[PDB]
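One chain comes next, on its own, written as structure tokens: the form solved without its partner chain.
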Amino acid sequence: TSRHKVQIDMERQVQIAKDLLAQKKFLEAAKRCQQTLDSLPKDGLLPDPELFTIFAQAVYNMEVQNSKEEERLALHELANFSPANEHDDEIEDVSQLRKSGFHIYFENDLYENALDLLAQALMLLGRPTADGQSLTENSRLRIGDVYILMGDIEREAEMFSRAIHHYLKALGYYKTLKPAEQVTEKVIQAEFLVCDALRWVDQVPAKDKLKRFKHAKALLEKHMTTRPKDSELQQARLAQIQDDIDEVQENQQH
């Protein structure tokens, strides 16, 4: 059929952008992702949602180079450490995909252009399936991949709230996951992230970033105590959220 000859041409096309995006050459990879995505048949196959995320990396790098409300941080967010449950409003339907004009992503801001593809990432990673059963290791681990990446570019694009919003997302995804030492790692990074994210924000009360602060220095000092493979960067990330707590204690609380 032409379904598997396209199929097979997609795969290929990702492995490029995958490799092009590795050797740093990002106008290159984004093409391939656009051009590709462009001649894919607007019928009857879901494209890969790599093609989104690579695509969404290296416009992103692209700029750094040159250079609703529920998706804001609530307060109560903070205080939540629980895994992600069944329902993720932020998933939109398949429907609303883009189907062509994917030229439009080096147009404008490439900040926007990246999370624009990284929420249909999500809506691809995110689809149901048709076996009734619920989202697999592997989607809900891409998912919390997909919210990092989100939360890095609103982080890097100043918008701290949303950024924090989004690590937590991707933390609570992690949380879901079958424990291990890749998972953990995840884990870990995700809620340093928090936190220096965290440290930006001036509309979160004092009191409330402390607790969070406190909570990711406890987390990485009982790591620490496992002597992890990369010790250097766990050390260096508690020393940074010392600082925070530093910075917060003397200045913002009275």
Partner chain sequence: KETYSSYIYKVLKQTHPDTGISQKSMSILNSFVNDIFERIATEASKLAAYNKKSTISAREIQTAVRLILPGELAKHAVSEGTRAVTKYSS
Given for the second form:
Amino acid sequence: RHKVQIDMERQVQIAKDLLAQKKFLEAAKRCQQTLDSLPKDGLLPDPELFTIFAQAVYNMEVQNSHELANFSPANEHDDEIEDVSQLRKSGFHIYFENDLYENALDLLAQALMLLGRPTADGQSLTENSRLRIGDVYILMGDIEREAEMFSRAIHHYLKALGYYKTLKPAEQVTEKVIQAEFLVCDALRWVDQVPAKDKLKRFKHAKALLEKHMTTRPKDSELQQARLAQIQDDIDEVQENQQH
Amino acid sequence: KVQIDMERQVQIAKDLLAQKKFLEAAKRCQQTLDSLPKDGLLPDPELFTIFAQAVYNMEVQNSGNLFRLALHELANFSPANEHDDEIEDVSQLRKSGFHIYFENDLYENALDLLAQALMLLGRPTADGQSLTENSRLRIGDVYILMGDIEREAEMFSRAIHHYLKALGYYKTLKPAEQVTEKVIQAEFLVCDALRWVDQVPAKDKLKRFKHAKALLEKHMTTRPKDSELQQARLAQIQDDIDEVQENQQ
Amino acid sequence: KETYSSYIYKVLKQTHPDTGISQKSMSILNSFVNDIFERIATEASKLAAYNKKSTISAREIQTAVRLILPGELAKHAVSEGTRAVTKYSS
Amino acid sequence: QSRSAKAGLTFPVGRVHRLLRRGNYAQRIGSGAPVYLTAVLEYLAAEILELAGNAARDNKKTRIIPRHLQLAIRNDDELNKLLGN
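Can you now output the form deposited with its partner chain bound? The one shown was the form solved without its partner chain.
Following is the full complex, with the preceding chain placed first.
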């Protein structure tokens, strides 16, 4: 086109569509082409262009071929939200080269940057932003768990927890917290670097929380029980395969 | 220099094949085909069919060392007397250099050999009449063997295409015991090979399964000698029906 | 009559998309899968009776996996089971 | 859709569920049992296939032959332990 004019939102919907339909290559190229085609100055792009892209890129590698006990963005600075000055403005084709996992992670760091961009007036980030920061950290964790950077994965799951814990009570929130709490443990079982004693405390904590949630008779009991069974077995492993 | 009796050479090769001595049967065909006169003679198709089987068993057993499909083709059941665009002209028959069928990809090689049997067996009559029953039986057998080799070569869409082809030819034969057996075999091979092709939708697979299911149940009522085998086929098809129907709900 | 062979083939293409496999090696693999099946199902059966349960659940399959699979194979195995159950239940 | 797809699996949950029922292992089969077992079996096949594939490539071939399977198993501790040789 003479100079193609981009509706970001529409491009985002189309990319979500492509992703939902397992057309991962085609989704990634869409975000890529959209991002390379936006004006290079004065505009902050839609964060979803980066997340969808990450998910698409990440899914291609898959389908083809210190304890932050209480991280809290409420009373602590998130050192991992980079300045928008460091956002990529062109050359998004590079995210097809080399380590696709790394590329997806870097794309998500950019989503984190736009979502976590502090306001000018001292108003904190809205619920929607912090949930979305949470969701992003979950996705980083998943990629890292899949790339076998398990320690890096734990760090992000914990961070996701922190963010999720800042949201006003609601059933979505609870589900996210529990998911997070579980994912910490799912990653922790792979980490030799953490003492067996520090592992048991974490597992028991997630165990209790899962059992507490069960007495509430939730809609996803079945999935919640699967989670519980895994943590229980992981407790028995470190209990049996240590001291005996 | 040497004088060749083809029928006799076919016998020797055929018996070597039966003895499981594949290398020795393939070579027998190869040497025979390479030393026939190069112009004026159509060779006995069995020299190609045997050569193909030999080469194929050879690759299977050595490789076993230890220590698009038209959806309406599938939906069709009427015998196919229509033009077979897969029978080539005899101008395309290989006349020398048969050693190459030992080289590179042996499955590819067997198929090319079988294409040439198909060419020879399928050659249109000098007057204009349909091919004899015998030729139509052997074309059918040739087709089944193509399917087999293609399966092994991971050419699943072609495999079904050739089983369906075989079926078309068998179905043109005067009814007989051996005919019915080949027909039932081909129908089941069609079904079994459908599990390997994702591009056929549920609807069409299910329609095909139901057909074979009905055919085989009808054949079961005749109390055929092969009853155990038929029951095993019928239970497999029921399983494939069950699976596909579970994807409905 | 090989239950898993066509599925094995699909798993292979998800792993090495440019790699093939003989029918014979799928046959050996099918036999492996059938064996692991039988061992797990039978151990899970024993566990079921022991706890006086008349249902075999994901619980007893998970326990059976840990007894029957060697150390790390089991560790990934229970993780993979948890995730399928996790996804399926969603 | 199929339970396999609902579970993220390629292996057949339905066939596995049936194989458990016809196996008469307990009075009842939970709907989570097949989803779990199917996942375990598919994961094991994937591991065996990932190494056998490498062995095929290590031997410059593009097809998996039983000798590739035997190498893959024997040269892995746990698979060797699990499957014998």
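Numbering follows the first chain given and starts at 1. In this text, rigid core is short for the largest set of C-alphas that superpose within 1.5 Å between two forms.
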Upon rigid core superposition, which of the listed residues (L110, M159, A84, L141) is displaced by 2 angstroms or more at its Cα between these two forms? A84
